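Before any questions on binding or motion, here is one chain by itself as structure tokens, the form deposited in one PDB entry.
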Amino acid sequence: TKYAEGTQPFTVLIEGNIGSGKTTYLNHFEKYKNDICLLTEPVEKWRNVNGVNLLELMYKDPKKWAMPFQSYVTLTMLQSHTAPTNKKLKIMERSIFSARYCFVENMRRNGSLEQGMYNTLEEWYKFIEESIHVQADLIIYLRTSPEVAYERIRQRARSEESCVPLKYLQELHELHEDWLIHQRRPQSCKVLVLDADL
């Protein structure tokens, strides 16, 4: 038996590269607020954990902060996935799956996460699949090109993201492609692809 088992409505996950417009897309269901549970912009929690800016620390010193950061991302996603609600529909920005299959994986590849850190995170993900229920009915993939994404990221101008290189976005892009289109990672249940290049 898993925590939050049979407590979640139909759930839609909004996925896409950084700056692909996941939040923008979600602001459209804004008026149906009292009929749909909307969990958006999780980044705000990561930028202020009792005063600490984990997102920034991670970008400045990955070798040391990538692990605690991803562990916190995992926790907050899990909290949203299992959050109680009455509404009949639930839509989330991001999910525990993109954190695992795209970000953690990429950080293992670029050396940000030493092997021992990668394994710890992976062991947590395995235990989570077995002890906690993660409702995932539909995934809307806002497909974009790394260049477009890079543009939007810079226009938003989050101080923490000021040093994010285009290669990084290209790596993340391929990883989203592998998971959501080609389905290389155990998921891709029901995916709806949308051209998010405006």
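Numbering follows the first chain given and starts at 1. Between two forms, the rigid core is defined as the largest C-alpha subset superposing within 1.5 Å. Compared with the form deposited in another entry:
For the set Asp137, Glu171, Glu161, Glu129, a Cα shift of at least 2 angstroms between the two forms, after rigid core superposition, holds for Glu161 and for no other residue.
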Contents of the next structure:
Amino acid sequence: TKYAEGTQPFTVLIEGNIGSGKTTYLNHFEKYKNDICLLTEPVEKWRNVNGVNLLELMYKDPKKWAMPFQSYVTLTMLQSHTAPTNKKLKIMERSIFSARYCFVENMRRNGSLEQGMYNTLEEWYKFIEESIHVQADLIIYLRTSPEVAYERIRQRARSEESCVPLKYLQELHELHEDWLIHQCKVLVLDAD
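With the form deposited in one PDB entry already on screen, would you show the form deposited in another entry?
Excluded here are partners and other molecules; the one chain stands alone.
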């Protein structure tokens, strides 16, 4: 009855903080393209929504753009979670779950999302749950300490997500921990 239900192979979700080495980790699977459906985070979609860079606007003016940005993230995630494939294995960077439990909940906490906007997103999440199939068979948590994550971010000659405070990575770290450690199967890796 749910959309995409029974159309998806064994699926693995790569979860981790900003700067936990997810892009790096996923580069290793690229030789296996032909047997593995391999979906990196759709940052490029977020940067170019018919010309508008949602990601930037979100980092620039969070109180105006958090709602639209997260709405869109959620869409692009669903678009991945549901994309048809012939391959026997599917691997995604992040998921609708990280969006809901980490990033959105964090924007609510530090006050960038007003309660009214948050609730709108949350009613959607509830409705998505009932109407779309999001296949999820195993999560690989690339665990790290906020401090180690900060390093990388700044090492990387880089761009958007680039300009985040440590307190923010701390807050995100804790949310990932609440979701992944303190309570499908979770495989924790030390990415230090």
